[PDB]
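Trainee: Take a look at the letters that make up each chain.
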Amino acid sequence: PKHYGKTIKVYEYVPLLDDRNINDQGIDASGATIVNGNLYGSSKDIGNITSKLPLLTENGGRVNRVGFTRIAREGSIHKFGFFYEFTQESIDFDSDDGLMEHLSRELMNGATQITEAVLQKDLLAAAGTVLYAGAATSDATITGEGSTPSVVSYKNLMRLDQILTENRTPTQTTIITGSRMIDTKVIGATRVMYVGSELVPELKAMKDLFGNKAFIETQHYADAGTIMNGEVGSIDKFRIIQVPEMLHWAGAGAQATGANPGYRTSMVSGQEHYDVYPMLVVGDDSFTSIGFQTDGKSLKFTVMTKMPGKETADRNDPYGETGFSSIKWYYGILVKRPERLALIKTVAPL
Amino acid sequence: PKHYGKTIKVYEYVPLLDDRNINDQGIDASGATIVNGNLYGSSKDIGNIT
Amino acid sequence: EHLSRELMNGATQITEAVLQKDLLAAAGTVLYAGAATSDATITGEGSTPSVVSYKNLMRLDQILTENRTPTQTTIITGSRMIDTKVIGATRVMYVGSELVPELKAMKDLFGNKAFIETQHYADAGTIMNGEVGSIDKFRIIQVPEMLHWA
Amino acid sequence: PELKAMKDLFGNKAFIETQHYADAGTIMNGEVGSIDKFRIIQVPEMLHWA
Amino acid sequence: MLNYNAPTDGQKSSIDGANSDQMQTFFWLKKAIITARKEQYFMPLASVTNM
Numbered sequence: 052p053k054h055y056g057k058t059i060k061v062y063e064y065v066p067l068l069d070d071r072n073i074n075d076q077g078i079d080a081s082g083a084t085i086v087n088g089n090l091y092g093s094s095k096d097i098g099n100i101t102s103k104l105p106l107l108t109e110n111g112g113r114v115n116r117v118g119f120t121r122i123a124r125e126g127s128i129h130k131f132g133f134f135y136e137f138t139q140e141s142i143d144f145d146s147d148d149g150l151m152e153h154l155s156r157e158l159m160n161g162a163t164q165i166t167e168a169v170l171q172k173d174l175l176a177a178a179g180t181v182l183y184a185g186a187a188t189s190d191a192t193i194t195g196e197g198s199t200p201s202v203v204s205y206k207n208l209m210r211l212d213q214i215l216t217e218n219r220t221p222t223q224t225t226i227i228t229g230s231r232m233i234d235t236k237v238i239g240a241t242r243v244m245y246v247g248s249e250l251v252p253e254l255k256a257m258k259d260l261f262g263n264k265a266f267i268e269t270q271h272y273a274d275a276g277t278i279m280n281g282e283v284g285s286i287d288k289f290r291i292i293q294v295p296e297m298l299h300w301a302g303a304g305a306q307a308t309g310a311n312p313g314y315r316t317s318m319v320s321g322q323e324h325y326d327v328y329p330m331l332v333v334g335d336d337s338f339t340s341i342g343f344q345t346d347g348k349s350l351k352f353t354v355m356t357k358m359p360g361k362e363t364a365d366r367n368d369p370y371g372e373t374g375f376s377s378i379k380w381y382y383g384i385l386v387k388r389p390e391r392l393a394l395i396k397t398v399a400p401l
Numbered sequence: 052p053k054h055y056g057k058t059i060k061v062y063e064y065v066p067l068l069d070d071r072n073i074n075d076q077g078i079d080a081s082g083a084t085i086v087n088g089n090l091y092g093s094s095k096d097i098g099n100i101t
Numbered sequence: 152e153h154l155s156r157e158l159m160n161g162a163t164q165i166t167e168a169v170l171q172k173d174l175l176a177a178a179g180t181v182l183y184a185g186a187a188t189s190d191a192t193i194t195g196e197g198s199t200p201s202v203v204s205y206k207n208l209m210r211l212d213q214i215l216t217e218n219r220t221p222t223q224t225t226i227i228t229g230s231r232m233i234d235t236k237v238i239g240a241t242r243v244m245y246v247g248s249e250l251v252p253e254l255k256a257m258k259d260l261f262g263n264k265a266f267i268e269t270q271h272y273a274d275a276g277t278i279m280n281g282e283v284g285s286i287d288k289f290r291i292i293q294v295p296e297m298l299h300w301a
Numbered sequence: 252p253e254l255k256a257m258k259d260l261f262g263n264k265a266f267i268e269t270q271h272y273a274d275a276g277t278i279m280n281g282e283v284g285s286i287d288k289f290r291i292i293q294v295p296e297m298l299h300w301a
Numbered sequence: 001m002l003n004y005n006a007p008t009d010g011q012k013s014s015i016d017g018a019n020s021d022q023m024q025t026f027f028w029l030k031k032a033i034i035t036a037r038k039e040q041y042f043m044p045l046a047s048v049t050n051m
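Residue numbers (UniProt numbering), protein chains in the order written: chain A, 52 to 401; chain B, 52 to 101; chain C, 152 to 301; chain D, 252 to 301; chain E, 1 to 51.
Source of the hints: derived by calculation from the structure; they are not laboratory data.
Each hint should be verified, as a subset may be incorrect.
Pairs of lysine-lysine, BS3-like flavour, derived with a Cα cap of 30 Å [said to hold, decoys possible]:
| no. | chain 1 | residue 1 | chain 2 | residue 2 |
| --- | --- | --- | --- | --- |
| 1 | C | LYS236 | A | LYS206 |
| 2 | A | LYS57 | A | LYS172 |
| 3 | D | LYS264 | A | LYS258 |
| 4 | A | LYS258 | D | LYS288 |
| 5 | A | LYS53 | E | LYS12 |
| 6 | A | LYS264 | C | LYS206 |
| 7 | A | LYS172 | A | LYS255 |
| 8 | D | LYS258 | A | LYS258 |
| 9 | A | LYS206 | D | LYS258 |
| 10 | A | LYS60 | E | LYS30 |
| 11 | A | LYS258 | C | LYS206 |
| 12 | A | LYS206 | C | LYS206 |
| 13 | C | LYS255 | C | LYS172 |
Here are a few chain C residues that face chain A, going by a calculated C-beta distance under 8 Å [said to hold, decoys possible]:
| no. | residue |
| --- | --- |
| 14 | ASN160 |
| 15 | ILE233 |
| 16 | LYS264 |
Ranges between beta-carbon positions, derived for each pair [unchecked claim]:
| no. | chain 1 | residue 1 | chain 2 | residue 2 | range |
| --- | --- | --- | --- | --- | --- |
| 17 | E | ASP9 | C | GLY281 | 44 to 50 Å |
| 18 | B | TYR64 | A | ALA176 | 33 to 39 Å |
| 19 | A | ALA176 | C | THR199 | 47 to 53 Å |
| 20 | C | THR277 | A | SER94 | 32 to 38 Å |
| 21 | E | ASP9 | B | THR101 | 16 to 22 Å |
| 22 | C | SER248 | D | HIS271 | 39 to 45 Å |
| 23 | D | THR269 | B | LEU90 | 44 to 50 Å |
Where a beta carbon is used, it is the ideal one built from N, C-alpha and C, also for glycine.
Put together the whole structure using the sequences plus the hints.
Mentor: So, in structure tokens, the structure goes:
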């Protein structure tokens, strides 16, 4: 609604037994005061559990005490717009009529594309779970030279699946059982992952733990299965979707010497650096859009057009030979559960 | 058709965000004139887009 | 309302943990992977690391057969669908989340892969809750809250 | 022949002949096989630069 | 011009003075995020004996 600023906030309530629940209400079984309120954190040690179990005698007074905690989130909105202008002679004397229709169509298409790019970059920036291929620990440490290149592998995908399963993230899809046609195989993949067009050959060259081919194309399981739009294959538990306009960081990697084995590089400040690619996974109920006077939609576009004539006459132009057209909108995003977003940063072959 | 010579011509309209869109009608968010009219070409760089 | 809900959830989780630790303590048949003979002798560095292998599972099945323990599950015969394998797993095994990659990477005596995923035998078979696959005679079940000595 | 001798990423046979997928599919005129995502058609009178 | 600049940050609205600030800067959903109960596998196995 209006008159409330540009921010939306919400509470999240932590369970009793997590590590995030920190407080000073604890009282151990002996009756003494203790530092931590929760009985035990996300610890599976049998010794710790045995030490911190709540036990009672016949008369239990001030023996075991607990506490609770809550967390808050937030998000904001922004404003965008652009315009163009023309004259009356350019319209009257031009070779073909209908130029205005072409200009308006291109304007609207550009607006939609910019909106999509703006949303995607925010989603990439707000990722919670991040893995770095190889031995890298940050963007600057990602490199394609040395003993261990920063290239995605089977074990990285397995670890990402393990983390997502630990976070109790819901599964998007179901497994596929085989068909009766020859050269058709089964694929038990239950999640959806988006990749750019540059990473597909590297995925095709991947091998599993036993040296077999790991990337199964869509023609193998097209029968007895449903193919998503843009799907190219499936690896392990993920189904690969190819996005035409997937973005990347150029020059964010380490410096590139002459020992480059064939990975893409870009020039930054006269020096050559490697590229980094997203490999994004989006879980269910991860985020939501903020709509400001959008009538229950994500975006609403406002267009104002003024043609040449008396309405454009002014002191600076007494004759009124100019006009214009403009477009603007509002956008904002709120992320509820950041842990459901996953990301794997890696280099791509040239 | 007859009586029109031996040549046929057509138009093609390029989109707004293409690299073939070269022009002088450009003002950046600050308000200063810039060389390129299209916001950005066929560039997927996050830094350039930002 | 939030406080009461979290209190009840914590109580249920605590009771589950207590039951699990009692069951682990009251075990009758114990095998140590590798050359170890006790907890202190378990190690991961040396000539023979104490990591589970095919022969240990065979020995466990042999001991359970000698003990006359009843069988939980029946075998699965093949299906008509292409790329479907037969499994004759008979007993149920509970493992933690950490051991699953190790179980997947394990190979049998002759070098082939031992782990069989659920997608292969989902047809012409029934899939239990939280089941990742079957190895040899056992059907592996993944329990999120499995406890370990540290 | 050069296409038939081609190797894929793993070192196996990239070229696939028409007899494998002649059933459950329609063979175009002059088709000799398929490589990757292209279907190869052989033209008797293809020209070249000498 | 009177501007609403960035009251949350160091900037202040044009109408606000040295001793004033905006009362409402954000909005509250009132719908809290909660975590579901864990699942337990060992409990269904047990059989009850009366004492």
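Trainee: Hint by hint, note whether the structure agrees.
Mentor: We went through each hint and held it up to the structure:
1. Distance restraint check for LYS236(C) and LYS206(A): the Cα-Cα separation of roughly 25 Å lies within the 30 Å cut-off, and the hinted pair is therefore satisfied.
2. At most 30 Å may separate the alpha-carbon atoms for a hinted pair to count; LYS57(A) and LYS172(A) meet this at roughly 20 Å.
3. Of the supplied pair hints, the one linking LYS264(D) and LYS258(A) holds, its CA atoms being roughly 18 Å apart against a limit of 30 Å.
4. Of the pairs offered as hints, the one joining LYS258(A) and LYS288(D) holds, with about 21 Å between alpha carbons and a cut-off of 30 Å not exceeded.
5. For the proposed pair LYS53(A) and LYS12(E), the alpha carbon gap of about 19 Å is at most 30 Å, so the pair holds.
6. With a C-alpha separation of about 28 Å, the suggested pairing of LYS264(A) with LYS206(C) holds against the 30 Å cut-off.
7. Taken as a hint, the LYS172(A) and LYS255(A) pair is honoured in the structure, with Cα atoms around 26 Å apart against an allowance of 30 Å.
8. For the suggested pair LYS258(D) and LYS258(A), the alpha carbons sit about 17 Å apart, so the restraint of at most 30 Å is met.
9. At most 30 Å may separate the alpha-carbon atoms for a hinted pair to count; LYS206(A) and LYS258(D) meet this at roughly 27 Å.
10. A C-alpha spacing of about 9 Å is found between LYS60(A) and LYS30(E), which places the hinted pair at or below 30 Å, so the restraint holds.
11. Between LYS258(A) and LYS206(C) the CA atoms are separated by roughly 28 Å; this keeps the pair inside 30 Å, and the hint holds.
12. Using a Cα cut-off of 30 Å, the hinted pair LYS206(A) and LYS206(C) holds, with the two alpha carbons roughly 25 Å apart.
13. At roughly 26 Å between alpha-carbon atoms, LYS255(C) and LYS172(C) fall within 30 Å of each other, so this suggested pair holds.
14. Proximity of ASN160(C) to chain A holds as hinted, the smallest CB-CB distance being about 6 Å (cut-off 8 Å).
15. Checking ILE233(C) against chain A: minimum C-beta separation of about 5 Å stays under 8 Å; hint holds.
16. Interface restraint check: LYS264(C) against chain A, minimum CB-CB distance 6 Å, threshold 8 Å, status holds.
17. For the pair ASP9(E) and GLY281(C), the beta carbons lie near 48 Å from each other, so the given range of 44 to 50 Å is met.
18. Range check, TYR64(B) to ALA176(A): about 34 Å between beta-carbon atoms, so the 33 to 39 Å window is met.
19. For the pair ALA176(A) and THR199(C), the supplied restraint of 47 to 53 Å holds, since their beta-carbon distance comes to about 48 Å.
20. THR277(C) and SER94(A) have their C-beta atoms about 35 Å apart, which keeps the hinted 32 to 38 Å range intact.
21. In this structure, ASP9(E) and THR101(B) meet the distance hint of 16 to 22 Å, their C-beta atoms being roughly 20 Å apart.
22. Look at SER248(C) against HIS271(D): about 43 Å separates their beta carbons, and that is inside 39 to 45 Å.
23. Judged by the Cβ atoms, the range 44 to 50 Å given for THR269(D) and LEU90(B) holds: they are separated by roughly 49 Å.
Violated hints are absent here; each numbered hint is respected by the structure.
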